[PDB]
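All chains, full assembly: derive it from the sequences and hints.
One letter stands for each residue in the lines below.
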Amino acid sequence: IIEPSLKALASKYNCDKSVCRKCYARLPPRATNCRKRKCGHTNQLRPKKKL
Amino acid sequence: XXXXXXXXXXXXXXXXXXXXXXXXXXXXXXXXXXXXXXXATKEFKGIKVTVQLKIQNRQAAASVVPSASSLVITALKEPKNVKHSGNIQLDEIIXXXXXXXXXXXXXXXXXXXXXXXXXXXXXXXXXXXXXXXXXXXXXXXXXXXXX
Amino acid sequence: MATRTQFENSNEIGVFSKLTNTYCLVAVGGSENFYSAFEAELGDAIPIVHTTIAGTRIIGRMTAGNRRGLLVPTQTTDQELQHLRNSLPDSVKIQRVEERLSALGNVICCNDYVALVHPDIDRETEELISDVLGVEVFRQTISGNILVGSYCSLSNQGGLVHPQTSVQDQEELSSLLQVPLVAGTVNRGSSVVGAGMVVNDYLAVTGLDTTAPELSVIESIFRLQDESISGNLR
Amino acid sequence: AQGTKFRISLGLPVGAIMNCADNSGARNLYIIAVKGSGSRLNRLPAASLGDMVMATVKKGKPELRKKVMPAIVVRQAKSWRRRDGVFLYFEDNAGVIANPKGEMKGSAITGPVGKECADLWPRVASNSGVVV
Amino acid sequence: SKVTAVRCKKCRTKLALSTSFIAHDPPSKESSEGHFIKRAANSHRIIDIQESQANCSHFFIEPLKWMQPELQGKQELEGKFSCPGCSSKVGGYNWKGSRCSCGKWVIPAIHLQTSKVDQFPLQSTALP
RNA sequence: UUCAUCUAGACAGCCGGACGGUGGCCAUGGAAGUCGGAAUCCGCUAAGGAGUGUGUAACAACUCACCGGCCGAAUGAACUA
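Residue numbers (my numbering), protein chains in the order written: chain C, 365 to 415; chain A, 13 to 159; chain S, 95 to 328; chain H, 389 to 520; chain U, 3 to 130.
Take every hint as true, because none was put in to throw you off.
Heads up, simulated EDC-like pairs for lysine to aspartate or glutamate below, C-alpha to C-alpha not over 16 Å straight-line:
#1 12(U) / 126(S)
#2 118(U) / 308(S)
#3 16(U) / 320(S)
No wet-lab data here; the hints were simulated from the structure.
This is the structure we're talking about:
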């Protein structure tokens, strides 16, 4: 009922991201540093957990 | 009207798993479907895998076995994990078993079309001891028999 | 037949409605989900009246009536009294009753034929109940209780009574009421059986938390139960 | 668990020994708190007609005593204002005991019950013989 | 025994008779099918183990006569349906699975939840 | 500061192909290169791994590997303060 062509359209905005370890922000999946200033532009990133 | 081509796999006696899901968009039939596929796998084992394709129109039955895959070399044998490591005398019958197999194989004659069907046979004993690798590498029989 | 619904979030319906064979009363502060349960299954055969009694919403416990009449307590204002004269038909008769025991639903347990009232009721009321409702009036108590309204649901077919009730007291009641009586529970085990449900011949509405074996006992004694649309098309 | 009730005057602070209206064996109830009351420095929480309170038995059957159980006020001696206009008040305070869902253990209530208590609780209105 | 009917609560409609009921009664009780397994994203990592319930909380019946317009009109691979008079979530249709609360598997089947529906005997009364 | 790639055409990006015996085989509700174990073969080929990942109830769909051209001078890495 979800039509998984539309699910891959939706997962790019919600699932296919990355998360900074220090400040928990939501970052694009090919990013190298966090865009915020409060964590000091760190390079400790992880993939966002899948379901 | 229209023609609707579908597919089916596995099963021995009666199988009702993957097939019932594709019959959702089609008409509702349970006893009509699993009995029509039963005549296709008639005189075939329930241990073995059987691949079929069924084209139907308004509750219709179709039964055909294409035998392009390993369905052939499974058939010329006798019936926690059943090993298929058996010995069969293929080289006499696999010359004729390739003839049913090579309907389009799309290769130059049966000299290269029997060297692929034996390559699919990656389990059984075949001819003499082994019917694989270097034991079934170079053929010196048939070749210009089928073509 | 055997419908279940609930007012705002309360399972008990007999506090909030009064069902007879010729009319029906409902409280005014309801959702559309509660009123649709009555209106769909009754239709336009009997008039369904949104009303209040004495400025309250507990009209199932403040009123008492049957096919021929309806009794209202003293604190019912004349705006609410003149309203009920218009919506109900001319066959019913409404008369206000001067009581010390104001809640007429818990006091009077009645149907078309035989009425049971509270034992502490006076002679002036008993002459009026047999006048308006046209019913012979018997003063009798369920075995351990003096309130016969909340602990005895009655209809023309049969009657459900209080669960903790001795057998020989049911048999003396059954000879008096001339209907067969079953002791049981309603609404997942509530001992209050008069207020847990409403009942007449064609319909009997109970709470949503009434379980499946409880609904079988209710429809069997009241005998409301009795189909080509079902079938297999494979 | 409590529905909407118009505000009436608070007449039963903590420690009030009120009568017991039903025939569940108890004779008096000792109010120790009120469900849904507020918070203020040195303010005692108080009950009103129709509130759910926590109350203990000080006199009655020996099974009921020495434990806390919820209860519902049904009469009140402090006068309150009704919206139609009249100021009324009963003769003495009274309370029936119930489970925390609101169903009543008693079989019947002697004496009258306040009208705003009867509309707020359905099971109280079933057991009530006289409603004001 | 006798014939029974599964009437809808709050709709009062005979949804299903007997001569039905693919009841599938015994579960498996073993560690792969009698238990509920919750995996993870990678490398078959099992985070939760759940025990199956006692009684199977569905009903596995035939596609019936009143189910015909919902199954033809906008036919899909999964969904639900209702009583014909109250439009409540009564039971869903699934061409996948949904074993039982208690577990086996079934077939592509028509599950009907035992909540908000009850089972009456179509024969005479119990007469206690 | 110390290495390394590059007009003998880089990194990045674009445009093409990515097939045939294939849903191979045991395995199970269902696993088609992608829930997993050992195997790992052949044919057509310039070249395409019984498959690097994303995805699917299972497919599909797509990328990487791989094979060709398009644009045409800078580029990748480790560290010092």
